[PDB]
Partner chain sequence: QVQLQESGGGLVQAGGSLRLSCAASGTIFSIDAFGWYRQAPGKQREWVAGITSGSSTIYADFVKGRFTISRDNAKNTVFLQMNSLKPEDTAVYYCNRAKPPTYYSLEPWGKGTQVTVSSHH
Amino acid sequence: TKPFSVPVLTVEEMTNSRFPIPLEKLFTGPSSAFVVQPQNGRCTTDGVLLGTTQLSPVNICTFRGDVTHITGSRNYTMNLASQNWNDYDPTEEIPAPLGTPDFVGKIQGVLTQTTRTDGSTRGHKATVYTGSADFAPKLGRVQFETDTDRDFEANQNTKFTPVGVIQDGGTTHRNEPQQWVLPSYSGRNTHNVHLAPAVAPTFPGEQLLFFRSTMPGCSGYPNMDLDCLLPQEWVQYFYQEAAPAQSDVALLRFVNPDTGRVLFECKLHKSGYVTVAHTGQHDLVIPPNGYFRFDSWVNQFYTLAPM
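Taking just this one chain, and keeping to the form solved in complex with the partner chain, what is its structure?
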């Protein structure tokens, strides 16, 4: 009975749901040549979180726990804690801790630590290799490559803050990260579990509409494109509103609030993704004050006006 809606926020006022950075732009392109199955930024229109999705954008791609030095290296194993420092529970029916990275790549940031007895602190450059055989956040373990073999203490609270991505070469620039390749959450040769499903346009002439950011790059020639299916603020809003879906497809209009002019229309599917009627790769040109407006629940045969 509660009416459905989407927030009155512009694209630039919103946040990527797959990495803690603002949205920049809207992009559409074909996606039949890869699997689109991100686990962050997944939520139904009536407020059910999916995959590894949680509510605040600052927790995405962060890790916390205690660390142990890996002998012969400058690397450390982190034994993951919950976000609130309670024990991690590996038995919950999720793919990995909520907010775990959902792509294969090298995420560079800073590993910080506080010694509880005197409040002394330290911080070091650190990279997590989410395509590594030993990356196993579902089992409670990840490793960080750092610039020290001696400075981090055992049994002291340690945090990783993500900054950006790196690339170390290949046959071409921009060969990594691979934003549509899921990690193996329990390490090499394991089954991922409890995934949010892959998404694809089912209606002829339609493509996914992506909410796009550019991840900072920290070294090399990385592919910094990062597309999410829902802004983080839409996840937060649907969770809060929990308005029942009256059909499987919500018709949205993208509107200029100064003129009331509709720039394009699109479909917001109840399971939490957007499609437009377009063929090809296209960067949308929008007024910066434009926003999305829910206009009607529609049936399964609605043809959108060309984007």
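Between two forms, the rigid core is the largest collection of C-alphas that superpose within 1.5 Å. Only residues modelled in both forms are compared. Numbering follows the first chain given and starts at 1. What changes on going to the form solved without the partner chain:
Rigid-core fit between these two forms: of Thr121, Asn189, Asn86, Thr171, the one residue whose Cα shifts 2 angstroms or more is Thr171.
In sequence order, there is one run of three or more residues whose C-alphas all shift by 2 angstroms or more between these two forms, with the rigid core superposed, and it is 169-172.
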Given for the second form:
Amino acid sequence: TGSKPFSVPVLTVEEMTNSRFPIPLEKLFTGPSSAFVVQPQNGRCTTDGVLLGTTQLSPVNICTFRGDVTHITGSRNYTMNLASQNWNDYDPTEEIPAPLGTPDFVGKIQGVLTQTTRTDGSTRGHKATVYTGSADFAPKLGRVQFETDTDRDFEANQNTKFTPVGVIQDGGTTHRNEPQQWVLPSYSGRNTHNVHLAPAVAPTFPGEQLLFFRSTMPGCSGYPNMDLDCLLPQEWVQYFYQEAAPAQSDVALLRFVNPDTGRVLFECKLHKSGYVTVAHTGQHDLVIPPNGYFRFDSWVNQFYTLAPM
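Given the form solved in complex with the partner chain above, what does the protein look like in the form solved without the partner chain?
This part shows the chain on its own.
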């Protein structure tokens, strides 16, 4: 009763960042999601600031890896034995699905593996790709594999980082068939069960759909599906974590406000467990004022009927 007032930050969509890959938000999208399970592990946080899944605070760390690399002889493939993000030993005993920031979708993520040799400060960088659907993608166990463009240049037992850039696809197969953003990796490898997951989300109220915060991942080869939808901007994760304002009901009613006109474009439900729904049926790219922003107006019940948008 009279708990610390909840709020969302005054930030435009274009001022914010995807919580599932280190790139800015571009737009808002809504569409039906009954066909598949929406259970991303990054960009998960309750409105009262409890981080969920594999969610951590800085967007730059999302889909990065750090550790030592071991060359798979007879190839240009390397196993990275993971370190903690601060370069300390990896501790797999935390009750989380995988290290915080681990990719939460199946896809071929291309980036660069960089390395510094401690003794002389010599450095090297090579194109590298991780396939998060690989049987040997096992970040929870502390190991992942990178395909690179070298078979001898990387030293073992030296600090090595993967910086993500974008995604790829096989141009010789059906275009935009991958990445598959709603398919979770098996974090401990093929045929292992994931643990400590943030739950799946779905609209339950008739006539409602999820509102997605959408970016376009860079493509590095082939014809990838570059759409990437998160449930919360990274800045909202950061803000809720910091504010830790108690939820007075299951749903915070937000209005998306247009400062150019003074009027509301649409309203939506921010669910306390950390996702947004709107009243719409069908696929729709929202056309928003670029200086528009979200504003918390009232706690409402979960069975509040939204104005259509």
